[PDB]
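Participant: In case you want the letters, here they are:
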Amino acid sequence: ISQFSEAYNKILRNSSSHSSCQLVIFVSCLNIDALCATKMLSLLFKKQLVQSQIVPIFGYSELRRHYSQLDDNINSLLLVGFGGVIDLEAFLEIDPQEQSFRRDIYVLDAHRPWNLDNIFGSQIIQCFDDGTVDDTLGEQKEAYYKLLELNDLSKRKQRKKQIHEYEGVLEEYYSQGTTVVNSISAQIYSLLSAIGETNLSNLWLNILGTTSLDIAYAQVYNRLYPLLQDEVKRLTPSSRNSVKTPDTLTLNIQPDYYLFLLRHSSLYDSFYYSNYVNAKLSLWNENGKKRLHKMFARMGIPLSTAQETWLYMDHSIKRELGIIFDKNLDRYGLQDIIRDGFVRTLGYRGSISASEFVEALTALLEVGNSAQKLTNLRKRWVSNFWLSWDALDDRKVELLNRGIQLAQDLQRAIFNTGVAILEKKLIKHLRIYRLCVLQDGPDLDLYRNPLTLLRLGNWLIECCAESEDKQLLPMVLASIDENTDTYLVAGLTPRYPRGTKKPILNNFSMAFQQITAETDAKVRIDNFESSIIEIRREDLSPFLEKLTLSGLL
Amino acid sequence: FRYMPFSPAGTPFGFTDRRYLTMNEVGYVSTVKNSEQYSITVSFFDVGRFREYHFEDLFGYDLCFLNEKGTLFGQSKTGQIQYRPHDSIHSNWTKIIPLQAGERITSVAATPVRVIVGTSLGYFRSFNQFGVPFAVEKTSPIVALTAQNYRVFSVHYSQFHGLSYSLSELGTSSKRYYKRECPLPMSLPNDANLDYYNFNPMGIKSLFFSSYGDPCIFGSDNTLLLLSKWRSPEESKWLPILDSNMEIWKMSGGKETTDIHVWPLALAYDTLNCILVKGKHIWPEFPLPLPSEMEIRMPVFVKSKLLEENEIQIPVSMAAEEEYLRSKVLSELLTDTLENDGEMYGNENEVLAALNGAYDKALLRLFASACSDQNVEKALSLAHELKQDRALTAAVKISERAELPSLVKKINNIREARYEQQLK
Amino acid sequence: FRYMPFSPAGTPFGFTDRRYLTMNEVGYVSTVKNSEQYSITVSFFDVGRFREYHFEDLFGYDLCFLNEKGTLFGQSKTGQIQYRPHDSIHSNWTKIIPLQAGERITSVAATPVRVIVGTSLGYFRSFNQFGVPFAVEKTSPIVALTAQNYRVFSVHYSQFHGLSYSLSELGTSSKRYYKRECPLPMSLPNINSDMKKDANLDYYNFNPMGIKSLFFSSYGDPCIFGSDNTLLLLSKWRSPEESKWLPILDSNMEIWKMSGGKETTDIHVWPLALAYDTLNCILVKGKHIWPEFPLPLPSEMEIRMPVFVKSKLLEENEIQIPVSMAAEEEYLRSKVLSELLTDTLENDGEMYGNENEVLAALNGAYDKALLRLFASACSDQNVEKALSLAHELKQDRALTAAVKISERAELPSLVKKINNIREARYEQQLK
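Chains as they are written, first to last, in the authors' numbering: chain h, 5 to 102, 114 to 165, 218 to 436, 462 to 591, 597 to 650; chain G, 474 to 663, 671 to 790, 814 to 927; chain F, 474 to 790, 814 to 927.
Hints in this document: simulated from the structure, not taken from any laboratory. A few of these clues could be false.
Okay, derived cross-link-like pairs now, EDC-like style, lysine to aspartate or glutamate, Cα gap no bigger than 20 Å in a straight line [as the list claims (entries may be wrong)]:
id, chain 1, residue 1, chain 2, residue 2
1, G, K709, F, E654
2, F, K568, G, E789
3, G, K652, F, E610
4, G, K717, F, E610
5, F, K568, G, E525
6, G, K717, F, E529
7, G, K709, F, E576
8, h, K300, G, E529
9, G, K783, F, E576
Take the sequences, apply the hints, and build the full model.
Facilitator: Okay, structure coming up:
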């Protein structure tokens, strides 16, 4: 219902004064795509000359202590992706006060399950409803529309069953798993194009966020293979090379690989994550530590000209892999390596693509630093978030490589224990899933912050990415570092070996409502993403007993 | 003869895949070719007034015209046109113009209340701002169009006779003709230069209307022509008030290059807006050039005399003749504009007072030179061209210093004759 | 299409190293080249008023125009012009017109109050008698110019157009247009393949348009004489939508009648001056159509309307024309001249002081010539044709004479029809 140009002009006139008419935006730090959408919105507000206030919020239980206590004349609140599932208007009471209301938020939710009240019956929740979903549960035109108003003994009895007929279609709905169907990069960049501001930095920025979802889903960005192509041609800066210009930020395309961060460095530590790619084939160590030695130590890898040979004349060897894997194409047919990709340059200072670039932003968000420990743990993640947001200037150079050298040990750290829990053989296929409890190993500290955990699962979902022609169910892990057994347990998604036909989002959050509804015996859902909860030590064993019988898939 | 699609201030493709569709004082419209379609990108100079936008071209439009309210597109092969207003209140409309065998649309134009479409066979189809047809007229084939408000200015070129222009006004009662196919004095031309000639057979680089109501044209001969007194056919004539070759030569130092051309953008009462294009091609490419302003100069010079007297510099005595010709044309047009249309900005009186003061001052420099060479008779004719009464008093002091008592009494007879006519 | 420098009545060099620069009713200007320079000698027909003089040329001035007050010289290559007044009151002046590459001065003109300089690109630069520059005007390319002390007459032609005419006046405040680029249907010269070895090829190379001479008449009517040997006079020039060209003289019929029906080509007509009844010319005898050194005595040739048959003149026989045939030609000649003289006196007035005696004699001969055709219609019993001839009479005394011709021819019904015309004119005169 909200045409994209209209809300911008409408939010322009509501706070454009040179006083404390302050509009304030909110963003989570727990997602990479959540960042990059906000950054481009801020800078146009700079050149439209408006005063602002940016606050990060990491926790879903924290939202009350950051809004509902400190407000004076904020008319224009803005928020990025928080309330697609839980209704905030039930979470936060706002009485109707002063039909042409006095304070209006927007919302930029990116998730699949929506909330019917937030689009229909909108009076303060001006949601982003434009040509996003044209089929916003198109059967709803009589269910709640007759729920609003609700001899007659035989007539109303039928009328209660029609309500009960409406009740089931609101029972199967609001009982679905979640993803993000369309990235928040897609919306606001399309909005700016309706305004029409030509800067390649924007075109460099919007493609970053959709690149982040390349490891969570598949066919979401497969729709955006044209929308990457047309813009880099329509925003063609030049037909010539027009060489030796230190400026101008030229944009091109070049092929690239799952074997990653190569152009930055280390065909050495590729050896690990080449075996990641052979972990996608049939092994983790055994044949490859012979098999890699047909394809790799063919050239001893130098010290000085390796600044030139695996920077420059590896183009003789990328060609050679390009003429190796063309004859590994009709015979091997493993198509996780050749990819189209995208690249940028700075005139000088090396070529940096966007494949490796999202990798540095994840690790640099991680490291780079009763109830008395969680406060001094929660003040960390907001602070180290902040040194990643300013990473989008040229002014950060010698901090850019800091995350780079950080990243190529963290994988060496995370692979150091993944190989341990395999060889321990503590994965047990009980009946439905597989359960693993990392009770204690070395280096437990790097598992408090949840962004590492999805990567550990991302490595662990791919150890079981062999054929497995029955029981394609992901796992649930367990780890503990701190007191009272906090146990940030989480679930994963099943994966496809590039063949989504079946609708596999999640079943656990439906069950996560169930166990949280039972006894409230020290269970917590205070963390933001529903795929992560907490548990007590004496509750994880009756957790699974409630889960091995409650088959909700 | 081949009927090529013409656009206002358009540039050809060359060895590239991109070009400029149209170009004016509002902005510029360009197209970028990709793998399967075309992509139209519209950029403006005043970013703070209008919202910049772009869209994909599925049909493949090659004709464009830009005014202060919208953008009009046209297809020469299928006759499909589309008008896109900048405001979201007005809805888009699409209609297909009927075309015969071998008929191609050569020029389009748009005003906020009327739509002008011209073809190669001379069919004149006019629409309103909603698409409702009013009349179908059969005239000469239109090859170039320009419009400000009501007026329709078409350049006609047939197969045998050719080279003519028409001037009309789309009034509320009926269409009135001020000129009925008068001959155009534009000079026709007798690799960058080779490719430009095929796409543009007449050599018309750009054409637009001035801010003071006079039609301007800029042909291949690089001479700015000014049509003065268009409301009266008895005194309607073309005035070449600016010569390209003279302006580049004086500012540079006394030389003349080849790669520095002058593309016209707009003329707003003092200078001609331009883009300095440096290179082999005569058409610009994509960098963002800064707009420049060239001061207006009458093309009256000798070439052998400037080399003997030596950026090339012009002396005092020689510049007085050029200053007299420039001020005489501008003062006559500004006087007729205010007495018929009135003020437009509110500061026309200060411009007129400063121009009339410099006109009488420049004539006194030539008046002083005639007295030094003892030519009393030439000095008598110069005194009659003075407008202000204070200029006649200053002419007496120049005459007394040059020891000519007979010339002094002749100035006083002009003063008594003007006072008698003023009291009648 | 390359242009050529045009002058009034100019002749080319031919097989010699000398030629005439210009020629008019005032005199003639010739030049003699003796291996390094040119020697311009200006001779006049009136030895009593002005004195013949000559000088040495060091710039090679080929363009010239002569009027009653001075002599103007112009250079087509460097653009240097020079005006030389005959009287000792005004001093000589020299100015150089700036010209670009390719652009050349094709025709010059000089009036006593304005200076007219025309170029090949169509630039119109006008100067006054003191040298003050005026506004620059850009128009069509000028190939021919003529003037008589007050107005500017320009002829335009290009490679993608055709011959036109313009009439304007250079006033004190601004330029006023009487005629603005109206089409002129004058025939172009048809050079064939056999003309490449002819001796008259040199005349068409210096003048491709074939314009031999052009000048204004004594009463103010524009005249032009092209390569088609037909004298064209512009009638009704005060009305732009009513302007008409009327041919009143043709040389192609007069040569054949005077030579006794022969087919020789050694007789031509070169127009010098025309003051309403006689075109002054020189009888040039020889192969060349252009004059050379020493000029013969001028002869007089009265104007005649070109209305004759060729087979009928041979059957009825210097060739002589009968009475009956000459009455039709006399009616056409007098009708054109009486209409132009009437409009001239009612708008411009008298010029010499004897226009009333010319008008009275012309109107008397007009009514007398119509009665000869009126008598022939009554003899062949055509009563209806005689009725239309009576309405063309102007004088009241001519209607009385028509009654006596009708009574002698025994036509009583024709007599009463003349009286109805008389009563109708008296009623209109009293309103």
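Participant: So, for every hint listed, does it hold in this structure?
Facilitator: These are the hints, each one checked on the structure:
Between the alpha carbons of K709/G and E654/F the distance comes to roughly 17 Å, so the proposed pair stays at or under 20 Å and holds. For the given pair, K568/F sits about 17 Å from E789/G by alpha-carbon distance, which is consistent with the 20 Å threshold. Distance hint between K652/G and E610/F is fulfilled; the C-alpha atoms sit about 19 Å from each other, no more than 20 Å. Our distance criterion of 20 Å between C-alpha atoms is met by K717/G and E610/F, whose separation comes to about 7 Å.
Proposed proximity of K568/F and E525/G is contradicted: the alpha carbons are some 57 Å apart, above 20 Å. Proposed proximity of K717/G and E529/F is contradicted: the alpha carbons are some 41 Å apart, above 20 Å. Using a Cα cut-off of 20 Å, the hinted pair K709/G and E576/F is violated, with the two alpha carbons roughly 28 Å apart. Between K300/h and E529/G the alpha-carbon distance is near 12 Å, which keeps this suggested pair within the 20 Å criterion.
With a C-alpha separation of about 14 Å, the suggested pairing of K783/G with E576/F holds against the 20 Å cut-off.
Of the hints listed earlier, those the structure fails to meet are numbers 5, 6 and 7, in rising order.
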